[PDB]
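Got chain Y sorted already, so can you dock chain D onto it with the hints?
The primary structure of each chain is shown beneath.
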Amino acid sequence: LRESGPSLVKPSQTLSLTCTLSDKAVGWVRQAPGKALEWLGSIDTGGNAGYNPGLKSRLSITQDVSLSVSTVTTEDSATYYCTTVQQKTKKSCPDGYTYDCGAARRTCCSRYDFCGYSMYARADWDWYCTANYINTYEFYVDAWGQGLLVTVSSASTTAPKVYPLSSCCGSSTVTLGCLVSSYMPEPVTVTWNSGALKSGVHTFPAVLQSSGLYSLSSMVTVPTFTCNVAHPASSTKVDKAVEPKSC
Amino acid sequence: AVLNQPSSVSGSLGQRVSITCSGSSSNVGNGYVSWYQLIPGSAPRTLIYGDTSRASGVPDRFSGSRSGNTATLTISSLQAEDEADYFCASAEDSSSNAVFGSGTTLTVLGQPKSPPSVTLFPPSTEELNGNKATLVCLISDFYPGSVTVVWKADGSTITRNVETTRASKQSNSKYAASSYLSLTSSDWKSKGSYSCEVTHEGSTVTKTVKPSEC
Numbered sequence: 003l004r005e006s007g008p009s010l011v012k013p014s015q016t017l018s019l020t021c022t023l024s025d026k027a028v029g030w031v032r033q034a035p036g037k038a039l040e041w042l043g044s045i046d047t048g049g050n051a052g053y054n055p056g057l058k059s060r061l062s063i064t065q066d067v068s069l070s071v072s073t074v075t076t077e078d079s080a081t082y083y084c085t086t087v088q089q090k091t092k093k094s095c096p097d098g099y100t101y102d103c104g105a106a107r108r109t110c111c112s113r114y115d116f117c118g119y120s121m122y123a124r125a126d127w128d129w130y131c132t133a134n135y136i137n138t139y140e141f142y143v144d145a146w147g148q149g150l151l152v153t154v155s156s157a158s159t160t161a162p163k164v165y166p167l168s169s170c171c172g173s174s175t176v177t178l179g180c181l182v183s184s185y186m187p188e189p190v191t192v193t194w195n196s197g198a199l200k201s202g203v204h205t206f207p208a209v210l211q212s213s214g215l216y217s218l219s220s221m222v223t224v225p226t227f228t229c230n231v232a233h234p235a236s237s238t239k240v241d242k243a244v245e246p247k248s249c
Numbered sequence: 010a011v012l013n014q015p016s017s018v019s020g021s022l023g024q025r026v027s028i029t030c031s032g033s034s035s036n037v038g039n040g041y042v043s044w045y046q047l048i049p050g051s052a053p054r055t056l057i058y059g060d061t062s063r064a065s066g067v068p069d070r071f072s073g074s075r076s077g078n079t080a081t082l083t084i085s086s087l088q089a090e091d092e093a094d095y096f097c098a099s100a101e102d103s104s105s106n107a108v109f110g111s112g113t114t115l116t117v118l119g120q121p122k123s124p125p126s127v128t129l130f131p132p133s134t135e136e137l138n139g140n141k142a143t144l145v146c147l148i149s150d151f152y153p154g155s156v157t158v159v160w161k162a163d164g165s166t167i168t169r170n171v172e173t174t175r176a177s178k179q180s181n182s183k184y185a186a187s188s189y190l191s192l193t194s195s196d197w198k199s200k201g202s203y204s205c206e207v208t209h210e211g212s213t214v215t216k217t218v219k220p221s222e223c
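In the order they appear, the protein sequences are chains Y and D.
Numbers 3 to 249, taken from the working numbering, label the letters of the first sequence in order.
Numbers 10 to 223, taken from the working numbering, label the letters of the second sequence in order.
Only chain Y is shown next, with the shape it has when bound in the complex:
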C-alpha cells in the first residue's frame, strides 16, 4: 500500500491524501505523535463508507482512495495510514429463540411450529417468537501502509542545507556522514549511493535547536560515496558527494 499527499498544511485548512486493485476495502488510520491509534473512516467495494462518529462532520473519503479532513488544527498533526480493512456485520436471532425462521417470514421463534406464521398471525405468537435480531460486529485490518506524516503548522517549509562529514586526517575502518541541518518540518530520507550501500548505515533521529529548526545526521561505515537527502515538504532532493580529506 502507498499513501501520497502534502506533508504540511496551515491551520484551518483541508488535508487531502490518496492511497495507491479495487477488489478490497481500504480504510484510513491516523496516529498523533506518541498517542494511540485513532480510527477515521472505511470504504468497502460497494461505495459505502463508515466513519468515526466524533470525527465525522470534518471527514470525507472519495476516489475512483482519497481522504479529506476539514478545518485542521494542531491536534490534526499525525501519521496517516492507509490500511486494508475487512469489516463484517452479522445479524443473529436473539438467543432463546432457538429456531431461525426463513427470510420470507423474517422472524425468530422459540418453537419451530410457529415459523410458517407471519408477525402476529397466531394469538400465541408473541410468547414464542420475535422479529428483532442481535447485531454483532466483527472487524480488523488485513494490510497496512507505511504511513505519511502530515504536520499542521503556521510555519513555512524551510529546506535543509546538507554538509559532508569527514574525519580530520589524524584509519582502519573509515566512517563518513552527512549533516542535514536546519529544515522544517519532518521527515527526511537519507540513502547512500541511491541505496546500493545498505550495510553499515544509520540515520539518526532529528534534533531541535532553539531556532525551532531540525537537524539530523546519517553515518556510513566502510573499509566514492554520495548521500541522497530528500525533504518532501520542500520538494528538495540533494545528492551531495562526500570526498575524503587529502592531507
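Think of the hints as simulated: they come from the structure by calculation, not from any bench.
For each label pair, taking beta carbons as the anchor points, the in silico distance ranges come out as: (1) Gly98(Y) to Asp102(D): 20 to 26 Å; (2) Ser74(D) to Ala243(Y): 52 to 58 Å; (3) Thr83(D) to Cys170(Y): 51 to 57 Å; (4) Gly201(D) to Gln148(Y): 46 to 52 Å; (5) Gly50(D) to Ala243(Y): 25 to 31 Å; (6) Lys122(D) to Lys58(Y): 50 to 56 Å; (7) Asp241(Y) to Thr83(D): 43 to 49 Å.
With the C-beta cut set under 8 Å, the calculated list includes, among others, these residues of chain Y facing chain D: (8) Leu39; (9) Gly52; (10) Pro55; (11) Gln89; (12) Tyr139; (13) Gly149; (14) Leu167; (15) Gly172; (16) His204; (17) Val209.
All C-beta atoms, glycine included, are put in the ideal place defined by N, C-alpha and C.
What follows is chain D alone, placed relative to chain Y:
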C-alpha cells in the same frame, strides 16, 4: 470509550510475555478483538484477528486468548526484534467504527552488553564558508541504551550550546545516539581542542578534534 492496556511489559530473551486489553460489553465483550504490532520505521503488521486466529504470516510464538471483557495477547520464545508497540482493537455500535487500546510497549532484556563507538566530526568547509561551526558526535552500537555526554574545551566542561538526542534502536538491535555542539566559526578557531565524552555503564570513551590540525 477507550480500551485499557498496560503501558509497558518486559521479559528476558526466549521467554513469554502477556498483554491485556480490558474493555466492556459494548466493544470487547460483543465479539472478537484484533491485534497489531508497530515497530518504529516499519508499517504496522496485523498480529491476530478474532479471539485466536493467528495472523497470515505470524509464527506460532504469538498466541491469543479472551475471557469475558478482557483479551490477552501472548508472545512466546522472545526475540530481540520483537521490541515494539502492540495495539488491541475491536468495534463498538457499528461494524465500520473501530476503537483501539491505549498501547503497550514491549522490551526484551538480557542482550549482551556492548560498548559505544564514538566518531567526532569537525565542521565542514562549506558550513565554515558561512560563519557557523557544528561539531557532530555520533554514538553507536551500545547496549544497554542509556549514555551520558559531556563536552570539554581546553580542559573545561562546556555548558552552553549542546543538544543530545535520545537513544534509538538500530537494525542490529543495538542502540545509537548523537550529540551536537553549535558554535560560530570564530569560536571554532578560538579554542585549541574539543572533546566529546560519552559515558556508558561506568565506562567513558573520548574523541578529540583540534581546529589547527584539521
